[PDB]
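Undergrad: This is what each chain is made of:
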Amino acid sequence: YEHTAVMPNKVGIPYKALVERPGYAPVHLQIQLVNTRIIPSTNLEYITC
Amino acid sequence: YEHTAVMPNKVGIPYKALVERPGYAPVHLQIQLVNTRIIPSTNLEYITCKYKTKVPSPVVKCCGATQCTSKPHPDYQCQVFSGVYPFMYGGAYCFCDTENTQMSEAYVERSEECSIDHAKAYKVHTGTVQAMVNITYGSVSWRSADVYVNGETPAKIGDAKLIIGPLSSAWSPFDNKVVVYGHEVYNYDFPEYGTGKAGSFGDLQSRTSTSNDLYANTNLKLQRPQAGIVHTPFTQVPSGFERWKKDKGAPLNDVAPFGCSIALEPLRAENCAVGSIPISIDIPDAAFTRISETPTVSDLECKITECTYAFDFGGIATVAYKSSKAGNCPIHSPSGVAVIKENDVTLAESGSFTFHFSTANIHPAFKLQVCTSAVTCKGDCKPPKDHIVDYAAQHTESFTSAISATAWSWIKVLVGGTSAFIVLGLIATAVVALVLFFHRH
Ligand SMILES: *[C@@H]1O[C@H](CO)[C@@H](O)[C@H](O)[C@H]1NC(C)=O
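As you go down the protein sequences, you meet chains A and B in turn.
Taking our numbering as reference, the numbering of the first sequence is continuous, increasing by one, and the terminal residue is 49.
Taking our numbering as reference, the numbering of the second sequence is continuous, increasing by one, and the terminal residue is 441.
Calculated from the structure, these hints are not laboratory results.
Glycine included, each C-beta is placed from N, C-alpha and C at the ideal position.
Treat the hints with caution; some may be incorrect.
[To be verified] Computed list of chain A residues with no C-beta within reach of chain B, every gap over 12 Å: (1) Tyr1; (2) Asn9; (3) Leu18; (4) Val27; (5) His28; (6) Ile38; (7) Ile47.
[What the hints assert, rightly or not] Restricting the straight-line Cα-Cα distance to at most 20 Å, the calculated cross-link-like pairs of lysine to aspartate or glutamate (EDC-like) are: (8) B/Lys248 to B/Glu184; (9) B/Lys385 to A/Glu45; (10) B/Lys382 to A/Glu20; (11) B/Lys197 to B/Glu242; (12) B/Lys382 to A/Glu45; (13) B/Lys385 to A/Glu2; (14) B/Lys322 to B/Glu349; (15) B/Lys54 to B/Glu112.
With the hints as constraints, model all of the structure from the sequences given.
TA: Written as structure tokens, this is what we have:
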């Protein structure tokens, strides 16, 4: 059963929801981000020293 | 006690009802069709298959001539070719160079494959309709028997005498002419026996696969043998059976409406969901219990806790109750709004029980009958999640099933608004007309 939602982009703050499937008891869902990493693409132009 | 009703002609969907016998508690009745078979009356017209051309040894008459005679063979051909000078491994066969004649003969016969690879052309007329039913009543478990859907022949199922009426529709998927090839049936208007044309399906026709009288209509033409060669060349239109097998098209098994399944032994259409079936079942008297002998149910309150108008039993409801004797109690919803999954429940002195139901209505409102009592259930239902399901719906959708309370409010506002606005004009006209009358008087 697919559950779709929007959670805030916060680390350490868990997102809580009840997965309500018709005819079945709700299943508690908890999604928490441990870390988020933005990894850009880099090209070395030159080295200075 | 005889119970008469009409159930839909739907295979796999059970028909549920309560048998209400005055003086006795209602007995729950459930009838389910196991299969439905339309068995038309068929008459084999002829058998068609690929032809085989039999060519006897030609008569090579050296220094003379011979004459062809007719023979009782299918598509028999005989032609005398004069002026032949055949050669063989041993040299020139004949001495004379011109007064020399070859008589060629050829005829059509059934191929060996015709014993296995052939099509049967049948004339189809109306015939017997049969069905198999699965029935329960009271405490008696499932019983089944094969019955005739004609409304005259009764069947004894678990000591109950069942009469199944004729189908409300005489529709049948077979035309007046069908061609049976292998496991497939084709609604093909085959040519009558003796009128088949070369290159078409009926080019070869036989009354039976073992018949000694074969009709063959091919353009079998004897050609002149090549110079110096002893052979019987001929030209013939390619077999119309092989041509048909390429062009036979879609069989009735693939295009029959209403999901009919076609079977060949005997030829029949199965599980056609067409119309409804009147029924009459006589429930044994021993199955009925007096009112005073059954538990009395009161203080009923029905709460729908979940509901989706899905094809399955997407609804769940809780019924609170109080009853004496704390016995078993039939449960049924006579209204078509919702179909109840449970047939009966066990009741205590007081408590509640739950049941499941299927409904197409966005706001279900149905009467639930509880042995000797009844309660009204109301609620709201959510749309289903699955767009496509692999099973047929357990409920019947009505015209007003989709109308929500919001839509009903708008309908009442629109209808009430226009009606009230028109009525105002009519009243205003009548009032002013009366005022003018009193102006004169
Ligand atoms: C009748 O329905 C019951 C349901 O439990 C099933 O076990 C039984 O096989 C059915 N009858 C036939 C003939 O299939």
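Undergrad: Hey, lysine 54 of chain B versus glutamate 112 of chain B, does the alpha-carbon distance stay inside 20 Å?
TA: With Cα atoms ~12 Å apart, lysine 54 of chain B and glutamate 112 of chain B stay inside 20 Å; holds.
Undergrad: Take the C-alpha atoms of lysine 382 of chain B and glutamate 45 of chain A, compute the straight-line distance between them, and say whether it is at most 20 Å.
TA: Distance ~60 Å between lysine 382 of chain B and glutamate 45 of chain A Cα, so the pair is violated.
Undergrad: Holds or violated: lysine 382 of chain B with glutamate 20 of chain A, Cα cutoff 20 Å?
TA: 12 Å, holds
Undergrad: Evaluate the condition: distance from the CB of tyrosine 1 of chain A to the nearest CB of chain B exceeds 12 Å.
TA: The assertion about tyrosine 1 of chain A is violated, with a minimum of 8 Å to chain B.
Undergrad: Check whether the Cα positions of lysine 322 of chain B and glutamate 349 of chain B lie no farther apart than 20 Å.
TA: 6 Å, holds
Undergrad: Please verify whether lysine 385 of chain B and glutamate 45 of chain A have alpha carbons no more than 20 Å apart.
TA: Violated: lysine 385 of chain B and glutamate 45 of chain A sit about 54 Å apart, past 20 Å.
Undergrad: Quick check for students: does the CB of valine 27 of chain A sit more than 12 Å from each CB in chain B?
TA: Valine 27 of chain A is indeed farther than 12 Å from all Cβ atoms of chain B, at 15 Å.
Undergrad: Quick check for students: does the CB of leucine 18 of chain A sit more than 12 Å from each CB in chain B?
TA: 14 Å, holds
Undergrad: Any Cβ of chain B at or closer than 12 Å to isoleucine 47 of chain A, or is the non-interface label fine?
TA: 58 Å, holds
Undergrad: Compare the distance between the alpha carbons of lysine 248 of chain B and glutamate 184 of chain B with 20 Å, and conclude whether the hinted pair is satisfied.
TA: Holds - the C-alpha atoms of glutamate 184 of chain B and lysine 248 of chain B are around 10 Å apart, at most 20 Å.
Undergrad: Verify this label for me: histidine 28 of chain A is non-interface relative to chain B, using a Cβ-Cβ cutoff of 12 Å.
TA: 18 Å, holds
Undergrad: Would the pair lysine 197 of chain B and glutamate 242 of chain B pass a check requiring their Cα atoms to be no farther apart than 20 Å?
TA: Distance ~14 Å between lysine 197 of chain B and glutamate 242 of chain B Cα, so the pair holds.
Of the numbered hints stated above, those contradicted by the structure are hints 1, 9 and 12, listed in ascending order.
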